[PDB]
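Peer 1: When you get a sec, could you build the whole thing from the sequences and use the hints?
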Amino acid sequence: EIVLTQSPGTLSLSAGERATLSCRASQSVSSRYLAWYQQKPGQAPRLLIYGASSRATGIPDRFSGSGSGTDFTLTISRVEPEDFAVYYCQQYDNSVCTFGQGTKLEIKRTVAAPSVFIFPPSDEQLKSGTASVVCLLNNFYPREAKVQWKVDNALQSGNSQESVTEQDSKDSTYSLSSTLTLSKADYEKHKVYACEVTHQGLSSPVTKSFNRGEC
Amino acid sequence: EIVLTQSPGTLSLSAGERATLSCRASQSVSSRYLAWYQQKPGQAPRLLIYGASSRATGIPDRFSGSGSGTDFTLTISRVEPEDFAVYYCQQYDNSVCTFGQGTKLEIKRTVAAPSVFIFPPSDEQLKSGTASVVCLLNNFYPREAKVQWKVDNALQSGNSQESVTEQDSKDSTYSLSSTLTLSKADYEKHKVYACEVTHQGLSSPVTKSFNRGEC
Amino acid sequence: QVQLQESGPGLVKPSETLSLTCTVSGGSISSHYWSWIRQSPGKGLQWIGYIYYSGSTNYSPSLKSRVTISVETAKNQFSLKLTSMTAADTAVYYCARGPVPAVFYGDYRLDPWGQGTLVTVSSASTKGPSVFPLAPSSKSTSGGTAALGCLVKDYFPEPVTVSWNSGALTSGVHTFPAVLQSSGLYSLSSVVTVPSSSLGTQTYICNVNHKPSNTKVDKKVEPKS
Amino acid sequence: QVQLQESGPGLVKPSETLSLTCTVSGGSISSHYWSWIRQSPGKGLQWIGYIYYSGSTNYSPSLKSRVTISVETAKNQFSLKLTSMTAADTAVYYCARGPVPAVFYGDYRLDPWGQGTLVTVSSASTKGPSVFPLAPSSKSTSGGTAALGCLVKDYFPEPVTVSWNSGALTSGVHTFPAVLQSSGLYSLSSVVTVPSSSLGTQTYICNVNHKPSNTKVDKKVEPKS
Amino acid sequence: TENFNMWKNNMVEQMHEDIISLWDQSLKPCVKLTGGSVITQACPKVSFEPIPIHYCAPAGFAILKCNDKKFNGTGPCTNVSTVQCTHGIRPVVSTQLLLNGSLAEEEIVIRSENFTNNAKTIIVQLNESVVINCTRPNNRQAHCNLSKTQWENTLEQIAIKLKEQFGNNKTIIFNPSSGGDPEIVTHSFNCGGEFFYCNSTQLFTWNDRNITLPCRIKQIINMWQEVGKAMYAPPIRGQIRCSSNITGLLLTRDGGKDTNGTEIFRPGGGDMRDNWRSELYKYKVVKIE
Amino acid sequence: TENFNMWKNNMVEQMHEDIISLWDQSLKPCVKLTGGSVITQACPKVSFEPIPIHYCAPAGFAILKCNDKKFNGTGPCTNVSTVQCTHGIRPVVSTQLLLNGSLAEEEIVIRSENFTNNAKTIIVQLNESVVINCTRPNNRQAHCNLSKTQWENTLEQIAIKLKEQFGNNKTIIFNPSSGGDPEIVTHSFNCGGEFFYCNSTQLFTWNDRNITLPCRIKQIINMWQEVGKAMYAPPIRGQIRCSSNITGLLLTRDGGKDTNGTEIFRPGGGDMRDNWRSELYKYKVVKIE
Ligand SMILES: *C1O[C@H](CO)[C@@H](O)[C@H](O)[C@H]1NC(C)=O
Ligand SMILES: *[C@@H]1O[C@H](CO)[C@@H](O)[C@H](O)[C@H]1NC(C)=O
Ligand SMILES: *[C@@H]1O[C@H](CO)[C@@H](O)[C@H](O)[C@H]1NC(C)=O
Ligand SMILES: *[C@@H]1O[C@H](CO)[C@@H](O)[C@H](O)[C@H]1NC(C)=O
Ligand SMILES: *[C@@H]1O[C@H](CO)[C@@H](O)[C@H](O)[C@H]1NC(C)=O
Ligand SMILES: *[C@@H]1O[C@H](CO)[C@@H](O)[C@H](O)[C@H]1NC(C)=O
Ligand SMILES: *[C@@H]1O[C@H](CO)[C@@H](O)[C@H](O)[C@H]1NC(C)=O
Ligand SMILES: *[C@@H]1O[C@H](CO)[C@@H](O)[C@H](O)[C@H]1NC(C)=O
Ligand SMILES: *[C@@H]1O[C@H](CO)[C@@H](O)[C@H](O)[C@H]1NC(C)=O
Ligand SMILES: *[C@@H]1O[C@H](CO)[C@@H](O)[C@H](O)[C@H]1NC(C)=O
Ligand SMILES: *[C@@H]1O[C@H](CO)[C@@H](O)[C@H](O)[C@H]1NC(C)=O
Ligand SMILES: *[C@@H]1O[C@H](CO)[C@@H](O)[C@H](O)[C@H]1NC(C)=O
Ligand SMILES: *[C@@H]1O[C@H](CO)[C@@H](O)[C@H](O)[C@H]1NC(C)=O
Ligand SMILES: *[C@@H]1O[C@H](CO)[C@@H](O)[C@H](O)[C@H]1NC(C)=O
Ligand SMILES: *[C@@H]1O[C@H](CO)[C@@H](O)[C@H](O)[C@H]1NC(C)=O
Ligand SMILES: *[C@@H]1O[C@H](CO)[C@@H](O)[C@H](O)[C@H]1NC(C)=O
Ligand SMILES: *[C@@H]1O[C@H](CO)[C@@H](O)[C@H](O)[C@H]1NC(C)=O
Ligand SMILES: *[C@@H]1O[C@H](CO)[C@@H](O)[C@H](O)[C@H]1NC(C)=O
Ligand SMILES: *[C@@H]1O[C@H](CO)[C@@H](O)[C@H](O)[C@H]1NC(C)=O
Ligand SMILES: *[C@@H]1O[C@H](CO)[C@@H](O)[C@H](O)[C@H]1NC(C)=O
Ligand SMILES: *[C@@H]1O[C@H](CO)[C@@H](O)[C@H](O)[C@H]1NC(C)=O
Ligand SMILES: *[C@@H]1O[C@H](CO)[C@@H](O)[C@H](O)[C@H]1NC(C)=O
Ligand SMILES: *[C@@H]1O[C@H](CO)[C@@H](O)[C@H](O)[C@H]1NC(C)=O
Ligand SMILES: *[C@@H]1O[C@H](CO)[C@@H](O)[C@H](O)[C@H]1NC(C)=O
Ligand SMILES: *[C@@H]1O[C@H](CO)[C@@H](O)[C@H](O)[C@H]1NC(C)=O
Ligand SMILES: *[C@@H]1O[C@H](CO)[C@@H](O)[C@H](O)[C@H]1NC(C)=O
Ligand SMILES: *[C@@H]1O[C@H](CO)[C@@H](O)[C@H](O)[C@H]1NC(C)=O
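Here the protein sequences come in this chain order: L, A, H, B, G and J. If you count by PDB author numbering, then the first sequence holds residues 1 to 27, 27A, 28 to 214, one letter each, in order. If you count by PDB author numbering, then the second sequence holds residues 1 to 27, 27A, 28 to 214, one letter each, in order. If you count by PDB author numbering, then the third sequence holds residues 1 to 82, 82A to 82C, 83 to 100, 100A to 100G, 101 to 215, one letter each, in order. If you count by PDB author numbering, then the fourth sequence holds residues 1 to 82, 82A to 82C, 83 to 100, 100A to 100G, 101 to 215, one letter each, in order. If you count by PDB author numbering, then the fifth sequence holds residues 90 to 124, 198 to 301, 327 to 395, 412 to 492, one letter each, in order. If you count by PDB author numbering, then the sixth sequence holds residues 90 to 124, 198 to 301, 327 to 395, 412 to 492, one letter each, in order.
Derived from the structure by calculation, the hints contain no laboratory data. There may be inaccurate statements among the hints.
[What the hints assert, rightly or not] Computed list of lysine to any residue pairs in SDA-like fashion (alpha-carbon distance at most 25 Å, straight line): (1) G:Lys282 with H:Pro102; (2) B:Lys209 with B:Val163; (3) H:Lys209 with H:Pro167; (4) A:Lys39 with B:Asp101; (5) L:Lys39 with L:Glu105; (6) A:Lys126 with B:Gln171; (7) G:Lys485 with G:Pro220; (8) A:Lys107 with B:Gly42; (9) B:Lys43 with B:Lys64; (10) J:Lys357 with J:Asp461; (11) B:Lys43 with A:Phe83; (12) B:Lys13 with B:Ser112; (13) G:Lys282 with H:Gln5; (14) H:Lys210 with H:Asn199; (15) J:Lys432 with G:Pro220; (16) H:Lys43 with L:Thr10; (17) H:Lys129 with L:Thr197; (18) B:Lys209 with A:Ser121; (19) A:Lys39 with B:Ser25; (20) B:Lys210 with A:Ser114; (21) A:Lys207 with A:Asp185; (22) B:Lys43 with A:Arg45.
Peer 2: Shown next as structure tokens:
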């Protein structure tokens, strides 16, 4: 049974550039049976090209397919911000339908500094005996950033988790959130809750914060 | 390769009777390829039936063909005096055309006595130093007859040959000729040259003869 | 147009079996081929097998022993059955039409797809989320635009889905990947940014859905003062 | 109608080769198949082979090694070639059309035939016949019909062919099979019967042909008195 | 006491197989030959067109032909002749509309493996053929013409046969086919290895003087060709004679909660096996002993 | 500088082979199958009728198509396109008259491997087709009709092309075919495995509109098999009609000592390879390297 190996594991360029993703079969394959699919984050795959070079309906013509035999190529002439997706070539042969492992397409853009916000735990939640403080880093690039929680100037560790979005479809940026988690008890024995963010787009580390009881 | 075996080696009946000749193949054979032929004495064979049962053009309809697979039959409804012939079935298969050994058809008729004639050697021939005396037995039946040469009442032996015709086409009879051959010398030292014929159609042996020098 | 819609248990206990159903609308199962495909988190796509509307099936070899794909054309849907579920079977499952064309001279491809269902193999129980507001700061950037959101906490299994003002408000919204708390429960937050001026007049409700627990929650988020 | 006509040496020496030619008239060799067939004295028929007008041939297996069949459509004839003639090859040779039909849906059969030629394998020389009259008896049956004939003596090889008054007189005629004289030469007689009354007015000539020796003889037969 | 089931008849499956083969056969190129004895390297390729074909039983087997007037297609049959082969069929590849087929002996006849089961396709067999002309763009946009009042007439005749079948107190409506593969949605069909696709919206919007259908032409387009383009263009494809006789339809019925006395029908039902099925319905293969 | 010889073209031999096969194929019965996995025992038999067929070269080979106006058929050719396949040919089995063939591009064209050699056949290719309708008795019966003044017209047109070829100071006469096989003597031809034989005496007796020919029908004397009454007799094949287009003739010329400025022609020329030859004349297969 056939094995599809895709072109570069990861491929990263700026908008406007040309993208070339290849797909190579362990054996020879008829073009009628080769297809490409585009999977944006959080969604099901979408048929992009069928029969090697036939454009699926509704698909923007800046996509084209090519090749035959063993080597096949998906080509995007002018990359867009929302062409950010994983791309799979697929084939059906011998009663079996296989995929390549996909090519992650990442978008390059200008450096962008995050907008930082901090959130105190709600009264609703404090009632529960646990407190969650949240730090939001909004629309920034590139991905590498660093949050630091300080409670009364004491640096925190191993008591917060964080999560990052996938690159944005429109602007190709990231957003990140961190959650400091304390028990009502601990939360109520400290006043200054502060969040410090270091990022390449910031000439100087930014700190947002608040006081418990006060605003 | 196929082997054709014909029906009765010899088959003999009277006029008006029905004749059945079979042909049996060593293997199975398609009817398209089986044919029958009639060979009268002294002549080339004539196509009688082709495709097992198809009558050749010009052939009297008292002939018919039949059978298939391995066994085939030529049938003559009302035998005629001149239906006297040898009959061959033939087939063509595997790029090779074979015949059966044939079936001799003989005609039965009423007994007929020969008309006997005797011939002296010509003067023309006597000039040559040899003498031939000839006895003719004309239109007789059946075949078994016996000639006897007597020279001055002396019975001859081993100095005469004879020849017989095939059954006649019209009347189904035989004619026979015997030739006594002497050297001019011997011929001229005897007077009575006599020919004696015994045949079933003669209540009494008949003798024709002549005298040398005389008539 | 033709639309597919999977449906079935978000959660499945180890060793037990999985049942799913795709439902077609806009078209008809008749005449067509129908596939199930699954994808593990972060992993790639794996074709499971298909069924012809006729009823004849064809499974992926590496799964053959455990798979059953049925069809019920009368009700216009087809189904999956997966035996002996284990953690390795935790994935998003998609239904899709194809890959074989209806007629021999048609085209070979998987189209319209479903949305996919996330199936989780676990003995743990389902647990509904608790939703808390991320009240907007009168400080943060009250000259321009400010940020607020919902904290969806302590639920299992995945996923949940947030929207704002019933999906009227869509742009400027970010919903974060869930994180697994050492408690074995998930937690995520969804946020949106809005011009500060609007804070006083416009009202904000996030709409949280957790199908696995039959929970739908609408929390009003507003400034604490 | 279509008529075939063989022709060639009556005599062939041992070990030497045989050549024959069939000539077609009334039809055309074009489009058709053409066979040679032989028959030994008293024996049965043996197919030798055929040739398509195209030139492709097909020989009988038991003869293949020694046979050549050529065609000359330009002159409308085909030919035989037989290698290493031996006594066993002495036979009447016939040409015939077929057995394969011109077209695939035609009929399979050997039609028209030739007359056949008698070929004799022998080192002996050709020798012309001597003809003698069999003078009719004024005795035999001078009340009714009488008999007379020709004695064809001492010729080789076979055959000869007699006719009477150039074949005007045909009925009542008997020509006997030849006999081999210990001299190694053949001899036969041909006779006919005729009403005695006619003896005086009607004149009788037998016409003897011996092709092998290029002999044609016409002997007048009449009463010796 | 003789049974026939046109809906489970391996002859259909079998025929389909053959047609498929005929198609692949028509795509593979000639394999070069070897040996000193080869006439030419030129191998014969039979173009992909309706070929006259009988189906036949081996010795020890036989084919039963049901001859009952307006035969159900399923159940017992009374006048059943037994034969060695079927009639010659020149099968046509198409969807929605059955072409060049046999005509219903007397009046319009419809058939379904079940009628209560709306899932099962309904095969219509017309007693009166409807002509339809289509042409290759002179190479003038590919299309097909049809006698309007004649077609409308037909639909009405069909509607009647359905009212009979579903209680004639009901109203019949025809809708175009809903979502599906292109070939299934359009009326598509073969024409010498080129396939027409035709918007039949105008054919299936009926209720209470000729029609023109627009069509696209998908071509062979491979396969087995890569690194082989040294010659010229196609041979006999300037204005192809595709015109034919519409002798039947494939239909399916809708089944929603809110349909009252009212029934909707549409254009394409099942797969192509159903085409063959419409010709082979009156036959069955069976063993002797 | 390109050579063509329509008279030595293995493509002809090859095609003939295939046609023969198609015929045997059509006679053999189905061989019963074995194994637990057989759909039906019913095997497909393609009836013996003109099938559309292209001839095609394998990779590393190619077919040359001569395009010279009124091409000789033998000798050099100037406008020679190179192609992968021949045009589709639906070959018809016949004698004397070429049927359903290609028409001479401009005016009547005749061809022979030698015009001085009277042995060689002459192939006539008509520029204007002549229709001929043929019918069977429902079992005047079994004949063919033809436009008289149209046919006489044709013969005259041919005579002209011969005067051109043999010096137009000569008189042309047409005689019926002389002795030979039945099929050769009559104008015979296939029609679904049944063969017509037609007395064409009226077609070939010419000097200075409706003509009816008396025909007989020969049914294939099944070469294969027998004793099959467990099945009864075969009616539904197809039924067809053989009404068709005369697009050529096969002729041969007489050569006797006493023929003066006067030339006689007759209606049967060579074998059937010559039929194929009339379609394939402008093609040749040849190797690449
Ligand atoms: C040709 O035939 C015609 C009519 O059958 C006749 O009048 C004429 O004498 C013939 N010409 C010949 C052969 O001299
Ligand atoms: C069966 O044959 C009989 C005559 O033998 C006929 O009356 C009947 O209509 C035929 N078919 C049906 C419809 O039963
Ligand atoms: C018609 O179909 C019904 C059920 O669909 C069946 O019972 C009956 O036998 C059929 N009638 C005929 C003529 O075979
Ligand atoms: C064919 O059947 C239809 C509908 O049952 C009917 O109207 C028509 O008279 C029948 N005969 C014709 C005219 O083909
Ligand atoms: C026909 O279809 C109906 C509707 O589904 C079903 O209830 C009934 O059983 C079917 N008849 C059969 C299968 O005999
Ligand atoms: C084309 O279609 C027309 C319209 O029905 C029809 O009458 C005609 O027979 C068809 N064929 C030709 C050659 O135009
Ligand atoms: C052939 O040429 C025509 C122009 O008449 C054009 O439609 C197209 O290029 C070709 N045909 C199709 C529809 O493929
Ligand atoms: C209708 O069909 C005819 C031939 O059947 C075609 O020539 C014509 O273009 C079509 N309609 C129009 C536009 O006249
Ligand atoms: C073609 O199809 C589309 C949708 O199937 C339909 O909207 C359009 O009207 C059709 N064209 C015509 C005029 O038949
Ligand atoms: C007839 O069909 C047309 C389809 O466009 C529809 O608009 C109209 O309402 C229909 N009339 C009836 C009686 O349903
Ligand atoms: C239907 O029959 C006609 C006339 O025999 C033929 O020319 C046409 O190709 C057939 N239809 C199709 C679409 O094959
Ligand atoms: C259509 O079928 C009729 C019989 O109903 C037949 O006479 C004719 O050959 C066919 N005509 C066409 C357009 O192929
Ligand atoms: C269903 O019933 C409603 C009233 O309950 C009526 O309009 C009609 O008969 C049915 N639906 C339609 C709109 O055809
Ligand atoms: C119309 O008649 C049918 C047939 O008996 C019956 O079911 C009902 O009374 C009507 N249709 C519906 C279901 O409204
Ligand atoms: C005509 O035939 C002659 C002899 O075969 C040949 O040499 C010549 O080239 C031909 N003329 C053409 C090219 O038509
Ligand atoms: C060959 O083709 C040209 C067109 O390119 C044509 O004009 C010419 O007549 C042809 N040559 C000959 C000698 O036939
Ligand atoms: C065809 O050629 C012949 C003479 O060669 C002539 O009678 C006819 O008019 C020519 N043209 C046509 C109409 O095809
Ligand atoms: C052409 O035919 C004539 C007639 O025999 C001949 O003189 C010439 O040689 C032939 N050409 C050949 C055979 O090369
Ligand atoms: C066919 O043969 C049958 C004899 O069984 C006869 O009834 C019929 O008239 C024949 N057909 C004709 C008109 O030749
Ligand atoms: C002419 O041919 C037609 C069929 O093409 C036939 O009906 C007619 O009988 C023939 N001859 C006569 C007598 O007109
Ligand atoms: C039938 O043959 C006659 C000539 O005998 C011809 O006029 C007619 O066109 C042919 N076909 C038709 C259309 O009847
Ligand atoms: C006929 O051809 C001969 C050549 O044999 C010629 O002498 C004569 O001129 C021609 N007759 C004519 C032109 O009247
Ligand atoms: C029939 O053909 C023969 C010779 O084959 C011919 O003599 C006869 O005149 C022809 N009869 C008719 C009526 O054409
Ligand atoms: C006889 O011949 C014509 C062909 O011209 C044929 O169509 C029809 O059957 C008859 N017509 C006449 C002219 O009587
Ligand atoms: C010639 O072609 C026509 C139309 O396809 C067909 O009716 C006729 O039977 C063909 N000729 C023969 C006898 O094959
Ligand atoms: C005769 O040929 C012409 C074109 O070559 C074709 O249009 C016509 O249908 C043919 N006649 C038949 C049906 O045999
Ligand atoms: C007779 O024909 C010959 C042709 O072989 C010709 O040469 C001759 O001149 C003719 N006789 C006369 C003297 O006109």
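Peer 1: Hint by hint, note whether the structure agrees.
Peer 2: Against the structure, the hints come out as follows:
| no. | hint | result |
| --- | --- | --- |
| 1 | G:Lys282 with H:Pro102 | holds (24 Å) |
| 2 | B:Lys209 with B:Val163 | holds (16 Å) |
| 3 | H:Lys209 with H:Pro167 | holds (20 Å) |
| 4 | A:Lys39 with B:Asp101 | holds (16 Å) |
| 5 | L:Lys39 with L:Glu105 | holds (11 Å) |
| 6 | A:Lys126 with B:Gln171 | holds (20 Å) |
| 7 | G:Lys485 with G:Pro220 | holds (19 Å) |
| 8 | A:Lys107 with B:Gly42 | holds (21 Å) |
| 9 | B:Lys43 with B:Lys64 | holds (21 Å) |
| 10 | J:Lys357 with J:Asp461 | holds (14 Å) |
| 11 | B:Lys43 with A:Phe83 | holds (17 Å) |
| 12 | B:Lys13 with B:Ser112 | holds (5 Å) |
| 13 | G:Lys282 with H:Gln5 | holds (23 Å) |
| 14 | H:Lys210 with H:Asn199 | holds (15 Å) |
| 15 | J:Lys432 with G:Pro220 | holds (14 Å) |
| 16 | H:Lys43 with L:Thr10 | holds (14 Å) |
| 17 | H:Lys129 with L:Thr197 | holds (21 Å) |
| 18 | B:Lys209 with A:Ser121 | holds (12 Å) |
| 19 | A:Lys39 with B:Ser25 | holds (24 Å) |
| 20 | B:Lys210 with A:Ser114 | holds (24 Å) |
| 21 | A:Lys207 with A:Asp185 | holds (20 Å) |
| 22 | B:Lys43 with A:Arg45 | holds (17 Å) |
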